[PDB]
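Removed: one protein chain of the complex. Kept in place: all other protein chains.
All chains are identified by letter, namely A, B and C, in their written order; residue positions are counted from 1 within each chain.
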Amino acid sequence: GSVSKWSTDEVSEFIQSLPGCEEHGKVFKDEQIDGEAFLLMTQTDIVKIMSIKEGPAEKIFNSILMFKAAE
Amino acid sequence: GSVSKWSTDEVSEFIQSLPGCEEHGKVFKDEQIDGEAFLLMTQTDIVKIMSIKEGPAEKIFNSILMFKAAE
Amino acid sequence: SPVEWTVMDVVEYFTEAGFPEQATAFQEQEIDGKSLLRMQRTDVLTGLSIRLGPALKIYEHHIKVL
Partner (left out) sequence: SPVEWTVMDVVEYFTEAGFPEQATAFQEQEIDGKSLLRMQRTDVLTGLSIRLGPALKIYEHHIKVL
């Protein structure tokens, strides 16, 4: 069930399940980052644009990389 | 919110959210793998004991490693 | 070609493409086709007052390939 079809809520809920990322789902939801948009993001986007610390940003981007490899 | 306190259902639902692992949450639930037990597993356990293919097993174990590093 | 588009052409393109709320950003800043196509990724993501999800798609699936 490819991430490209995930809703914004699914992306947010996934991020909240990562350790130390519970506080960060809300910004993804408010920015309307659905699965299609999620796959376009980089770690720099998460740190510099979304103002998320490097540690959680790395966990999110590592998930993005895994999701992209599965497309 | 540490994975060590996750229920069996939470572990199963997390696994189902990984790409290509939708079919594999059920065995984790039936084996009563809660968060505490999840952190004790290796990729060999997933491949050899649970009979899950290497690809999905690697995605699950990579999650276990991230969860353990956060404890 | 899109380099010849007027501001109204840019607004129409993004409305037709399913970004009607974001299209107003191009109207507000009077961004014509030539300026649109030169926009850098960071300009689209942070300089239009639009949500990041739409902005990512606008850049990667439209500006980059027009």
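Methods note: contacts are C-beta pairs under 8 Å (C-beta built on N, C-alpha and C of every residue); 3 or more make two chains touch, one makes a residue touch a chain.
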| item | value |
| --- | --- |
| Residue, one of B:10, B:13 or B:45, that touches the chain absent here | B:45 |
| Residue of B:3, B:15 or B:33 in touch with the missing chain, whole complex considered | B:33 |
| Contact set of chain B toward the excluded chain (per top definition) | 8, 30-34, 36-37, 40-41, 45, 49-50 |
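Methods note: only the chains that are shown with their structure count from here on.
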| item | value |
| --- | --- |
| Separation of chain A from chain B, taking each centre as the mean of its C-alpha atoms, in whole Å | 20 |
| Whole-Å gap between the CA centroids of chain A and chain C | 23 |
| Contacts with two or more other chains, residues of chain A listed in rising order | none |
